[PDB]
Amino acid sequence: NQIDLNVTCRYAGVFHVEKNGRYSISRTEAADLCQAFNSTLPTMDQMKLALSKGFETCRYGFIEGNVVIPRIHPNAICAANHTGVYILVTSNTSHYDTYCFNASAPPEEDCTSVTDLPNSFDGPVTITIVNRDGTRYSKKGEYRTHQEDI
């Protein structure tokens, strides 16, 4: 009973989380996941400031109200070569990654490891935070509050 959470550097507090390295987070699970990181889903204004500080990914993820990919460099296989905060308009499907915003993060780029899920609650799941440099932090707990997500 295990969940891996792949996390990025923070840029102005905003980071990206992938569950088990595949698109697999529902909108409800996204909110619970950010809450476990003592974070919230970013607003579009928070995401645009993060973008300005160097944040980009090649993955769709929830923010408050939309699913987006932040892009700095045009790449043909990421967001159809767009730059800026690219907003997903048309999809059949409901599961993506998530973005999260932690107000206590440094103001610009923070590429130190993420070390904890401070607001996870008691539970049976081994949850592992996986940083891009491979550093891992694990704890037993739970973060999902909706049955439909378990």
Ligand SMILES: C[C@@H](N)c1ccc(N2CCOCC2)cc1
Second form
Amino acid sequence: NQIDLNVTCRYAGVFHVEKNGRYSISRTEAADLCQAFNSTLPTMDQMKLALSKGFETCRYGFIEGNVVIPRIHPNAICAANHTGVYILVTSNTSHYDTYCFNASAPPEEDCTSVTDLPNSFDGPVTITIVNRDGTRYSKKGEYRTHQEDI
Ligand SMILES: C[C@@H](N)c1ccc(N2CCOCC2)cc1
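Condition change, the form deposited without the ligand to the form deposited with the ligand bound:
In what comes next, the whole complex appears, and the chain from above leads the way.
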């Protein structure tokens, strides 16, 4: 019973979380997942500030109210070569990665690794935080509160 959570640098508190190496998070699971990091889904203003500090990904993820890709450098296979906070407009499907916002993170680029999952609750799952540099932090627990996401 294992969940891998690939996480990024934080930019103005905002970071990206990909579960199990594929788009697999529902909006309800995304809110619960950020809560395990003492975090919330970023507002659009929080994500725009993160972008301005250097944050970009090539993956769709939830923020509060939308699914987006923050882009700095145009790339034909990332948000169709757009820059800025690219907003997904038309999709059939509901599962994406998520972004999270930790208000206690540093104000600008924080590319140290994530070494804790501070607010996970008791549970049976081995949850592994996987950093971009490969360093891992694992803990037994659970973060999902909605049955439909388990
Ligand atoms: C580098 C180390 N002090 C550290 C950095 C970030 C985190 N996380 C906490 C959970 O939410 C995002 C950031 C944990 C520890």
